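Please take these sequences and the hints and turn them into a complete structure.
Listed below are the residues making up each chain.
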Amino acid sequence: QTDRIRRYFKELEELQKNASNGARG
Amino acid sequence: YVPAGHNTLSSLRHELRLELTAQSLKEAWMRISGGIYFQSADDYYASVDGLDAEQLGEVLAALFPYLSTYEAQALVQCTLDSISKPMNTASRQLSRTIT
Amino acid sequence: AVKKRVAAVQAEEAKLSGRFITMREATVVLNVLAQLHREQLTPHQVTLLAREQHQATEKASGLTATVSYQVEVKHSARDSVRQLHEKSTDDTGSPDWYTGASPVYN
Amino acid sequence: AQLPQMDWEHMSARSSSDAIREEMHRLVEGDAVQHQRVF
Amino acid sequence: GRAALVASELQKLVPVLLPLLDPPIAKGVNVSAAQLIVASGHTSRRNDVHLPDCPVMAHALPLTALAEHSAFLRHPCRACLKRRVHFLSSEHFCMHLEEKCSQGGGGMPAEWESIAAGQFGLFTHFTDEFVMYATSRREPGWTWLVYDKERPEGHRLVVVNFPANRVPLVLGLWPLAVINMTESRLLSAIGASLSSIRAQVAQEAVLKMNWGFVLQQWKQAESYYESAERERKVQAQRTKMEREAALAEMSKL
Amino acid sequence: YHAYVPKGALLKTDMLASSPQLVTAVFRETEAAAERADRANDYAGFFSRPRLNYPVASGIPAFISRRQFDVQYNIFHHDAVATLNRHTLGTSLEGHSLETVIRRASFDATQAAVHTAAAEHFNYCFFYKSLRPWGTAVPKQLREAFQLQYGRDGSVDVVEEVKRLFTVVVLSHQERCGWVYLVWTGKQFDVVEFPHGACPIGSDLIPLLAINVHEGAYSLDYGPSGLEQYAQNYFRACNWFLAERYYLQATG
Ligand SMILES: [Zn+2]
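From first to last, the protein sequence lines are chains m, d, p, f, y and x.
The opening residue of the first sequence carries number 214 in PDB author numbering; numbering runs sequentially from there.
The opening residue of the second sequence carries number 100 in PDB author numbering; numbering runs sequentially from there.
FYI, in PDB author numbering the residues of the third sequence are 155 to 222, 268 to 305.
The opening residue of the fourth sequence carries number 71 in PDB author numbering; numbering runs sequentially from there.
FYI, in PDB author numbering the residues of the fifth sequence are 14 to 205, 253 to 313.
The opening residue of the sixth sequence carries number 87 in PDB author numbering; numbering runs sequentially from there.
By construction, these hints were calculated from the structure, which means they are not laboratory data.
Not one of these hints is a red herring.
Below are the DSS-like pairs computed for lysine-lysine, each with C-alpha atoms no more than 30 Å apart in a straight line:
#1 y:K113 x p:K286
#2 x:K273 x d:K184
#3 x:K249 x x:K226
#4 p:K157 x d:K125
#5 p:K158 x d:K184
#6 x:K215 x x:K226
#7 p:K158 x y:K268
#8 p:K273 x y:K300
#9 m:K223 x d:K125
#10 d:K125 x m:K230
#11 x:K98 x x:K215
#12 p:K213 x p:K273
#13 y:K300 x p:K286
#14 p:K286 x y:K40
#15 y:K268 x p:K157
#16 p:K273 x y:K162
#17 y:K293 x p:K213
Given below as structure tokens:
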């Protein structure tokens with residue numbers, strides 16, 4: 214479960230950097 | 100022991116609270132930004148890529164007008180630092196020492 | 155409970171004194187940063203948005219409407280300084296609504 | 071913008087000793103022992 | 014002590030701003046500070062900017078040395094005198110309501126206990142709430158007792174302490190009483253532990269409190285907020301702002 | 087003996103005309119002091135009234151009176167720190183210095199009492215420091231810092247221009263409850279004004295001089311009508327050494 218917190222939030226940060234280029238350019 | 104006033108089974112669908120806490124800010128932000136978390140103020144600032152400190156200081160001196168000039172900047176820094184880890188800077192450090 | 159209430163008094167007074175914040179008074183700043191990282195900004199675009207939020211601060215006023268002239272519908276808007284401008288005068292606009300105890304200057 | 075002074079009729083709800091009780095009841099329900107650190 | 018300096022200084026700032034609030038007030042002579050505070054209160058940052066070459070803006074003149082500075086009074090500004098006015102007006106209003114609610118040599122509780130008993134259950138609850146709110150003061154200042162209109166059924170006679178002098182008009186409240194918690198008050202109490257020698261004023265003034273006068277105040281508000289010209293002006297402004305909204309939304313077609 | 091002689095009393099070159107009443111009354115006091123001091127050490131808390139580095143037997147010379155400074159120090163600051171140790175001892179912010187309670191319960195309503203207490207506490211600390219019994223001539227690393235800012239085709243009266251600005255913002259504060267600090271904003275100086283409930287650390291500035299314009303701060307010495315004379319007198323008892331050696335670490 215600790216790794217699960219860490220996984221969920223790192224993939225959310227990946228999603229954020231994906232949404233960066235997909236929304237502004 | 101579960102610390103005092105720290106709620107365990109608190110969700111996001113659980114309505115938002117009112118206390119200006121690091122936990123409160125962080126969970127409200129979890130609702131708000133969806134998933135953005137910064138390891139400091141400066142991760143946010145590297146994300147914003149060229150927005151200086153004053154570039155938000157003026158924004159907030161406008162946004163809430165009863166705030167004074169440097170106090171706008173302070174709200175800036177503080178919400179950063181509260182959704183982050185507090186910053187390592189000679190500003191805060193000379194504050195601590197002088198004080 | 156005693157101390158928590160005495161702060162809950164000062165937690166009202168400092169708020170109504172303006173320079174103090176809370177959850178739905180800083181949640182907009184959580185939104186500021188949210189969309190600043192969502193729809194990226196350059197500095198001068200930030201200064202344009204800041205002047206936007208200083209023109210939506212001391213003059214923006216509520217009760218905004220929209221058309222669906269054949270059909271129209273109106274509902275209330277976000278805060279400002281002007282909603283204080285209108286709540287300081289009983290919402291009458293005439294600052295001489297206090298017909299009671301008060302000193303006068305002639 | 072969201073001015074602070076405006077939302078008041080809620081900020082005296084606190085310093086009213088009616089919500090002091092209705093939230094100190096919650097704080098007392100919470101001071102007890104709990105065996106769940108996270109969800 | 015107010016007629017010493019503030020009542021002597023205010024009437025020299027009143028005649029010079031009554032121009033700049035002509036759209037608010039074109040009356041002339043009959044302006045109570047309860048009108049100066051309300052209109053000449055919301056001291057703007059962009060609307061009431063400092064007028065070019067302002068000395069209390071350029072940090073060359075103290076905001077307290079305006080009503081004597083004729084060189085400013087010649088070409089004044091709005092906020093650069095709206096604040097000075099919003100302080101002195103408010104100060105004299107505090108002292109007004111002060112001497113008016115303090116003249117309690119007369120032992121007259123009235124059907125005022127009825128009001129407060131409806132609101133609490135007991136009137137000692139009231140004296141206690143009122144002493145707590147003034148002792149628990151974030152600043153040496155002024156406490157107020159006021160009227161609210163959104164729950165005026167039973168839950169009305171509501172106390173609140175405000176900043177140093179900001180009177181509960183600027184949030185649209187109807188003041189009914191004051192209490193003097195300022196440092197000039199506490200230093201007078203000293204002449205005889254702060255958390256004690258301000259309860260020595262809380263539960264002292266809530267007994268020196270002339271409640272009769274305040275009952276005239278409560279019925280004054282129960283007449284203002286219960287008259288019809290209130291509905292008139294409120295519906296008028298509610299249509300004025302609604303039309304100003306509709307015309308603006310139908311602009312750029 | 088210094089450790090037993092009660093915390094306010096004053097031993098003397100005893101007069102030897104010490105009457106029985108003369109002795110019995112002071113013992114009655116000392117026994118009162120004893121239990122109030124065995125009471126202080128359980129009413130007590132994390133923070134304490136900062137000691138001052140100078141005598142205040144009489145008044146801080148040519149600025150303030152013995153009675154006036156003992157008013158502020160003994161009652162109002164002791165009040166501030168006492169309510170601070172009422173308020174922080176026992177909340178999620180307990181027992182880290184003012185420099186972290188200020189900054190982590192700053193700009194907040196739901197902890198407004200907390201932040202107000204904290205900032206006022208510091209404020210008193212710094213006024214205390216910034217005084218000095220007979221004034222420090224503005225030093226040579228400092229006067230030039232003020233030349234770089236407030237020299238406009240000027241003469242040796244540039245620190246006088248800064249004193250001018252001091253008095254100016256003293257009086258441009260009107261509530262008569264607050265603090266006027268000369269600071270260093272991280273880019274330049276500016277005499278900032280201060281409500282009751284704020285400090286230069288809530289304002290993120292480097293406090294370089296601390297003035298106390300609370301109505302109570304001079305009510306007894308000159309009254310509210312002598313505020314200009316006070317904002318002047320404060321400069322025969324300010325500490326520009328404190329000012330300057332804070333400014334230098336401020337810059338670099
Ligand atoms: Zn100006």
